[PDB]
Amino acid sequence: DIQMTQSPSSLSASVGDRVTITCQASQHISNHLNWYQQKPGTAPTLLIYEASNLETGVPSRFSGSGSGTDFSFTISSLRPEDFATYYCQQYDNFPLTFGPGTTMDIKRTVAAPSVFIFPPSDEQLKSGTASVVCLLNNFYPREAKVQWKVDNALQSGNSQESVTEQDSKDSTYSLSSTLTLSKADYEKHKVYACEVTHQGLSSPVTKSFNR
Amino acid sequence: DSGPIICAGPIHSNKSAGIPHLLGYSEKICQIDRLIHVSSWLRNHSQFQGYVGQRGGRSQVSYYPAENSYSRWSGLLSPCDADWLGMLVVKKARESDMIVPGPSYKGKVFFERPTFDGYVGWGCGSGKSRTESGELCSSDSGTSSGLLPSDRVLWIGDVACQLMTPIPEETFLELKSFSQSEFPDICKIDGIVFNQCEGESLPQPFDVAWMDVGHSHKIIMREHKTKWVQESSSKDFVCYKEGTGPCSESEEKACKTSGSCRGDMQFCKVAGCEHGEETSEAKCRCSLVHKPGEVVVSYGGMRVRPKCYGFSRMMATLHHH
Amino acid sequence: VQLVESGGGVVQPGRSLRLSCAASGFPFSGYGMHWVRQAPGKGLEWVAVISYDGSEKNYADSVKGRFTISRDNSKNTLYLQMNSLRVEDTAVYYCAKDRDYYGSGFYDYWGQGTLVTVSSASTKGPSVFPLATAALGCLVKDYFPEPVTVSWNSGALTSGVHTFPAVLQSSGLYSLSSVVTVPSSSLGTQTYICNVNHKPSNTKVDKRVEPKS
Ligand SMILES: *[C@@H]1O[C@H](CO)[C@@H](O[C@@H]2O[C@H](CO)[C@@H](O[C@@H]3O[C@H](CO)[C@@H](O)[C@H](O)[C@@H]3O)[C@H](O)[C@H]2NC(C)=O)[C@H](O)[C@H]1NC(C)=O
Ligand SMILES: *[C@@H]1O[C@H](CO)[C@@H](O[C@@H]2O[C@H](CO)[C@@H](O)[C@H](O)[C@H]2NC(C)=O)[C@H](O)[C@H]1NC(C)=O
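Residue numbers (our numbering), protein chains in the order written: chain V, 9 to 219; chain X, -2 to 318; chain E, 352 to 564.
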């Protein structure tokens, strides 16, 4: 019924700076918007209810405002705990709808990844499947993507990527892009290249191997 | 079901929030549409925490007799509604004040009864609700939230309250007599000596028509005649912003003195509307309230605009023979 | 206050499951009760609500006809019968108390969540494969269901370990990667072993890693 849209999708600010989240609406919600914090792996926790009130235990750094359609949730002095995903929620009309979430992430100096590539084992290549793995290590910011190539042929949709959480020390992320082929297809080809683009590399990166 | 006069059922957030003293006939009517007046009474008198009427509002108040005609006319005002509007008082119950049989007092937090001398209410408090008899409040965990459903509110009788056209005392006495002439068996109604008896029976239910002419006791009636006249007074109009909600004293007075404000057909006919200006904007719109009009009763030979009128239950004592 | 869920587990499309949110510390019969679910990787989606005495129920869509919510105020538990389960319903399920009487939508206290996966897959233990400052790792492939736990050298090696969030595959079997960075001068000077542990299928594997020609 009521679509609740948040913005920005993801922040990237460091400790001590001031954050602002924005949550809009498709109808007049009045003062009926709650706010939620959800740390990774934990359960969501209510921070602000009725767009101004602070639930018991919520520090005074967290603030809220807004009346009608547009709201805001303002953290004044970011602390390492306050880095989590944040959601808004209306209760003006059931069904109760949520926002799409804002993922507060920490910020540091730009870091280029350290790309490694792994040819498949032989223990795996007797089941009929070969899995090539390209590893991106300790880079910031999170935004970067890999592109597999089999003999200079851009592969499409036969790979899968995973990203670690932001490191508690490096403030960097890591990526694991796995390219999967059949053994009958793996033995058909020669060069298995992994091309890496990132904000910290003035030229595109490649790590390959001839099997 | 009935219909919100100006404000939808309230969705409160904390039991510990204030009950503000708004100043506009509108702002108040909003507080009535959202059972704030009852909530206050419960708190003030009966030492209660929170709000009653969550999500429902005045539209969902439980009534006895449940087949309450006036309930549909949202504009028609209960005894409690008019307390907030200053027209009368609903009094904290005393031991004397008799609780009538019939109503489903159970889990109820508030129940109101028109009495022969006035209007009385019986409020429970924190985390308690009335027993199956109305006589005692008892712990009810389902009342621990302080944000309670409207069904926990019982208004008894098909009462309609309005602004009296003041009558002289001679008329009241003439009316007093005629009732006694009509009801010559009753001795005491709700505790007030109606006809001299000396031989009273024990108190007993009594369902009668009645009006508050504005004097000591209500006048009870057997053969009455009621005409509902429409009068299109300012009080027959409420002013709202679609959005913000109720309008404030000045805004209302302005609207009800300017014409400019948006309004429904009748409001235009009466006081003036004005259009061709609103581009995006928003201004207070005023609308007629939904009601048969103002009632005028006919009894004893005499035509009276009573404060309140209705058919309710009033414990009473008949003669002995 | 403490809401605590229980009941989740693997289930295949068509089957049904029952959840339970047992309560302590607070007057369970004075408050409405919720169900909120989180799809793996996605945001929050409210499922169902129930009122103080268990009469007025408002479910979301996407569950109407498939989900029945209930409660027993005598033993302070919250039920949720999920029939006609589909793949779209794989999510982590939470129960939440509400400040009001009916479930108006304030989720003050949340439970610690339980996980329900809906897919037709069987139960299969992982196939662990090695991956040769230098980098090496272990390929935990083709298992079902989650979770998995990967240590390294029986919990000794911790610095530089990255256990990647697993990825569902078209076959429905999960597969993750765990990697470590070693100081190049480890060939012979150090031995590395990854300890995979898939408790839901009792599969515990310890794969060694070595130079290769
Ligand atoms: C419960 O108790 C509160 C507190 O006494 C009541 O609020 C009071 O309501 C009366 C209603 O007439 C207010 O009187 C009016 O005040 C305004 C100025 O605020 C004045 O212009 C009017 O002529 C009139 O005197 C009063 O101010 C307000 N507050 C206080 C502190 O008395 C409330 O009405 C009570 N509710 C029930 C159901 O008993
Ligand atoms: C309503 O507001 C009140 C006042 O801020 C809250 O009351 C207490 O808050 C303290 C912490 O500041 C808690 O230790 C108490 O337990 C609270 N009282 C109660 C009765 O819970 C209260 O929490 C607010 N209402 C809700 C539902 O959170």
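Simulated from the structure, these hints should not be mistaken for laboratory data. Please note that a few of the clues may not be correct.
[Unchecked claim] With a straight-line Cα cutoff of 30 Å, these simulated DSSO-like cross-link-like pairs (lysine-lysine) come out:
| id | chain 1 | residue 1 | chain 2 | residue 2 |
| --- | --- | --- | --- | --- |
| 1 | V | 177 | E | 415 |
| 2 | E | 426 | E | 415 |
| 3 | V | 134 | E | 415 |
| 4 | V | 134 | V | 177 |
| 5 | E | 563 | V | 157 |
| 6 | E | 415 | V | 196 |
Hints, one by one, checked against the model:
1. V:177 with E:415: 46 Å, violated
2. E:426 with E:415: 26 Å, holds
3. V:134 with E:415: Violated, at roughly 47 Å.
4. V:134 with V:177: 40 Å, violated
5. E:563 with V:157: 24 Å, holds
6. E:415 with V:196: Answer violated: residue 415 of chain E to residue 196 of chain V is near 51 Å, above 30 Å.
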